[PDB]
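**Q** Chain residues, written in single-letter form:
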Amino acid sequence: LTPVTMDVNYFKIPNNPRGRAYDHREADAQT
Amino acid sequence: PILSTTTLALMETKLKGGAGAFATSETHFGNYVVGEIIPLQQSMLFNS
Amino acid sequence: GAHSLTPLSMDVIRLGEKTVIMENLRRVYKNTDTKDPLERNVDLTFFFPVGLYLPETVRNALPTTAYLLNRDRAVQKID
Amino acid sequence: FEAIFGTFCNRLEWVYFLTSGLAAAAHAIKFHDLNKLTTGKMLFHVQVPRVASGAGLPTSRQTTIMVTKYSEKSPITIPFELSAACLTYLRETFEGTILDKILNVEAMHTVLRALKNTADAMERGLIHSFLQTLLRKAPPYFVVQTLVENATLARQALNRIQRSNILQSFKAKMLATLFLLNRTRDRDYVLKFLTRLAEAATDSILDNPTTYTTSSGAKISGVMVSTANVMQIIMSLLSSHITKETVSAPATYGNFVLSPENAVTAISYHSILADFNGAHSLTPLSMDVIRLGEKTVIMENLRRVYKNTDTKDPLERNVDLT
Amino acid sequence: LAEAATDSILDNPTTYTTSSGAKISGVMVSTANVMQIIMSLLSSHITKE
Amino acid sequence: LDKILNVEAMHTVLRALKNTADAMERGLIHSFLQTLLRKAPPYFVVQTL
Amino acid sequence: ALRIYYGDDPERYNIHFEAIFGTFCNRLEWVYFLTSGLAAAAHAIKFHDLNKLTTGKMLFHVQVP
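Residue numbers (the entry's author numbering), protein chains in the order written: chain F, 1176 to 1196, 1215 to 1224; chain U, 1323 to 1370; chain G, 348 to 403, 419 to 441; chain Z, 50 to 326, 348 to 392; chain R, 246 to 294; chain L, 148 to 196; chain A, 34 to 98.
Be aware that one or more of the hints could be misleading.
[Said to hold, decoys possible] Here are some chain U residues the structure puts well away from chain Z; computed CB gaps all over 12 angstroms: (1) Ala1331; (2) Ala1343; (3) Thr1349; (4) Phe1351; (5) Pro1361; (6) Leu1362; (7) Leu1367.
[Claimed, not checked] Taking beta-carbon pairs under 10 angstroms as the criterion, some of the chain G residues facing chain L (in silico): (8) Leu385; (9) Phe395; (10) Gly398; (11) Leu399.
Simulated from the structure, these hints should not be mistaken for laboratory data.
All C-beta atoms in this analysis are idealised placements derived from N, C-alpha and C, irrespective of residue type, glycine included.
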């Protein structure tokens, strides 16, 4: 299950199915 | 100058797109891209 | 002595009615810790702007980020 | 005569290890027994050249570093059956009649075919073990490429972000050439990528230049093996470089030498006690050599050794992409 | 590149000759990567005399 | 055993002599390449000349 | 070889090979300057001593057609 507001920009480039590359308090430097 | 882009959509249409697109600089309504004047990026990514 | 010759083997290119010998300096500079002077290190500088304006019913959009390329070919993000 | 038919029993395609193209990456020596072979290590005294182009910098090195390389053993076996009722016809030398002679020569053909079968399957097992040992030594291409690209900036301190940039750089290098030969069909790009394969390796320590030479003065600088499909595509794709020369493989195996330093070990050990009182011959054959950026690599197809056997070729893996 | 240079003053034509009657008119050196690319790019002109 | 240590010392001094006489030639090619690099302008410079 | 490696007297001592390995010391790839391809841009001359070589100049009388 995924949100409908997630960008298609994430799906064009090869990345994880989690969305994260457990602490999500640090931001992402790749995306 | 280098390949500068505001949104990721123009990025992944200019990088997935083809060859020789690196010298074109398209301006949208509010979005804009500029390309590198010499082919430095696609001489490195295509030749590996 | 000054007018005596010997043959050997070498690879010659023919380049517009000229014959130039190509030569690879790998076999002399291999496995030694003396850096080959034929491999320099240039220092090119780039520049890139972020957040411009374009002069002149869906409006246009003003940018605030800038996405660049990478040595590892990933999309960068400067804002 | 009731009705005649025709029956025929083929003799299989023979193959020796030295006559194969794979033996241009080997230095095989026929020893006798490995009980006296104690250790896995073997010391290699290797020089390093030093260029003296600095008046202010003397190098001041001994330049005779020794290296230690450990061996690994791998036995190769085959069960070999033989009917003893035919063996009594040979080890007892029957001289009865013409029918005794016919059963004698038939038993001779039987034991000769069995001997050729086992002595030829032994060589195919030897090429299998050599290919397995060589596959357990080669990294993927992006790994050795990221090793040689990050040679000058190697580990001086613990830096996890450096290792992360390393990870993403060989990730990009891996996603560049996952299946490169399937992807493109232009000759120049696969020639450039094959040249960047050929210049990615390093030299070996001891290699005689007089063995494995072409008809001209070009020493063979490696070997390339592949399966049937890929090598057939490469043969039909780059025929401007593929030609068929006469390479100079060794005539027989090398024979081992004994060093003259155990002589002065044995005399020094006698002094403690009470009182004292082929390798340079060659043969030609036919092989197909590519010229790849002033390098000559032998292409070799392993189909003729792995055909019709139920031993899966280790060169055809099964990746699992998601 | 090759026509950009000039001749040298004293040069014996009898030395540095090929198997045919073509005098060698210079030399080119490079590293491993560039010369390997040039060798695998222009093999219609690269031969071994 | 005196002869064996003799021929081993001969191989030692011969290997050392070959090492120094061959590194001298590599240093000579290094100095010649350096002297030739200190003479060549870039291509656009001689082209604009 | 029998008296050499195994010994003089077979009684009260023997010389027993413990375990043998192989050791090899390579000789490096030799290179001379004249045999290199770079020497086609040189006019190298073996002199003896450069004490009598005074000046850095050398006059070249050259014609022009």
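**Q** All the hints need checking, so say for each whether the structure fits it.
**A** Hints and how they fare:
no. : hint    : in the structure
1   : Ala1331 : holds, 21 angstroms
2   : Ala1343 : holds, 19 angstroms
3   : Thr1349 : holds, 30 angstroms
4   : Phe1351 : holds, 33 angstroms
5   : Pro1361 : holds, 16 angstroms
6   : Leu1362 : holds, 17 angstroms
7   : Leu1367 : violated, 8 angstroms
8   : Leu385  : holds, 7 angstroms
9   : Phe395  : violated, 26 angstroms
10  : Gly398  : violated, 36 angstroms
11  : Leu399  : violated, 33 angstroms
The structure shown violates the earlier hints numbered 7, 9, 10 and 11.
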